[PDB]
Amino acid sequence: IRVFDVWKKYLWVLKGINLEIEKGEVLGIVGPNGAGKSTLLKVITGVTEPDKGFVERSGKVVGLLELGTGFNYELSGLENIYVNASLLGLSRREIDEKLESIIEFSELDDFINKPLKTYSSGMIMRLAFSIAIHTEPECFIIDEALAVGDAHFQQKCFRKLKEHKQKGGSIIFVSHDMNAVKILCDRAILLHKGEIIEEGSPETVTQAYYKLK
Amino acid sequence: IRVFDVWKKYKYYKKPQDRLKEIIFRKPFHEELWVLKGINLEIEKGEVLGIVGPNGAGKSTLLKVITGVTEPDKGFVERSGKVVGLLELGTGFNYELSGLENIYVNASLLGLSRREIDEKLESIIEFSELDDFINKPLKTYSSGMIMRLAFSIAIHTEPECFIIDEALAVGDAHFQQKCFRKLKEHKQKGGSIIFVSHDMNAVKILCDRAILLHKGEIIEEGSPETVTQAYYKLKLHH
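Here the protein sequences line up with chains A and B, keeping their order.
Take the first sequence: its letters are residues 2 to 11, 34 to 236, numbered as in the entry's author numbering.
Converting from the second sequence to the entry's author numbering requires adding 1 to each position, the first position being numbered 1.
These are calculated hints, taken from the structure and not from any lab test.
Do not rely on the hints blindly, as some may be mistaken.
Said to hold, decoys possible - Chain A stretches covered by chain B per the calculated footprint, using a threshold of three residues with CB under 8 Å from any CB of chain B:
| id | region |
| --- | --- |
| 1 | 95-105 |
| 2 | 132-141 |
| 3 | 222-235 |
Using N, Cα and C, we set each Cβ at its ideal position, and we do this for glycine too.
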């Protein structure tokens, strides 16, 4: 939710970053690839510790880095659901309530017992999406590379995202399509060399990015 | 390159519980299923071959035997040179290491020599378009930059065949074209490419010929029109 004066070095990747993601919000993060967007998201999700300052988050954040974490291909898809969902914080009771819905979402009911090694690359993405979309995290990190291979599958993923937004979820959108930002994002921010140059409505930020572009 | 009488099986426990019960009773309590049955195939240098089929047909397990990650239970596969696939892309990367340092381990694992790395090192870093960040460690790299780097190392190792699933290579179209241009250069240089997709239109235009894989066997093979037609005939009678 809230990022307060967070700093990260290795040179400082992030300098004086203050940010807040409110509930029910679709937030777009735009900038050069070299600006350090990945390091900013990692401090948010919590995989990277801020060198100076702090960030407080109400709940877990799910991003591409988390997606499909801990998968073991020797294990079955059904077995893999448990290990992935457990790493994402779902309780044993929660998994069983959602195991039925997760399998129906992936549409792998025929193949779910089969071990992951046999699955096609598309099937694995479909499975990891199903586990991730159901963990009910407070925030979702959506890079444009996500949602690839959607035989209308994106619509089911997109429909749950509307449900997630209505339930107080927050979404972070990482993409280079500014037009997409206006359509999906309630507000956006532009990141340059570890600092936020301009923030606000997606129209204002899209203008500023074009000024930089 | 050449796949002869390849067969591949796996254990199929009905319930996760049953994996326990087989420990207790000392008896197997699994199901043996064959991903690939009677797979005979040839890949000619300078060929774009399309592998189309249902997800269960076994394409992933078949591609994995070709790349060399999995050994066939029955039959054999012979390849003249290395094959690069999604599992290989960025294999062995350590994010704590620098982007330049990580290049060395990937190429060393992909078989490139210390001398071989250096000759093409200039173009590869210029190919990735990562200039100041090359000194920087991978952890700072964006997901795009990491994938962008991994493609760059793999695309120039000049393996005999490239396996391209359609979901793979997604990204900046301008960089995807850079990969597309190099693959055309790869084909001209005697390279062979394998195209895996559910887009028949993509298969028909790009693939010189194709095979249809269903239930672990090739039901129809040949010109892309016939195979794409055959794939439609298969979808009717299911």
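Against the structure, the hints come out as follows:
Residue count for the region 95-105 of chain A with a Cβ under 8 Å from a Cβ of chain B: 3. That meets the three needed, and the coverage hint holds. Proximity of the region 132-141 of chain A to chain B, defined as three or more residues with a beta carbon under 8 Å from a beta carbon of that chain, is established by the 7 residues found. With 0 residues bearing a CB less than 8 Å from a CB of chain B, the region 222-235 of chain A misses the requirement of three and the coverage assertion fails.
In summary, the one numbered hint that this structure violates is 3.
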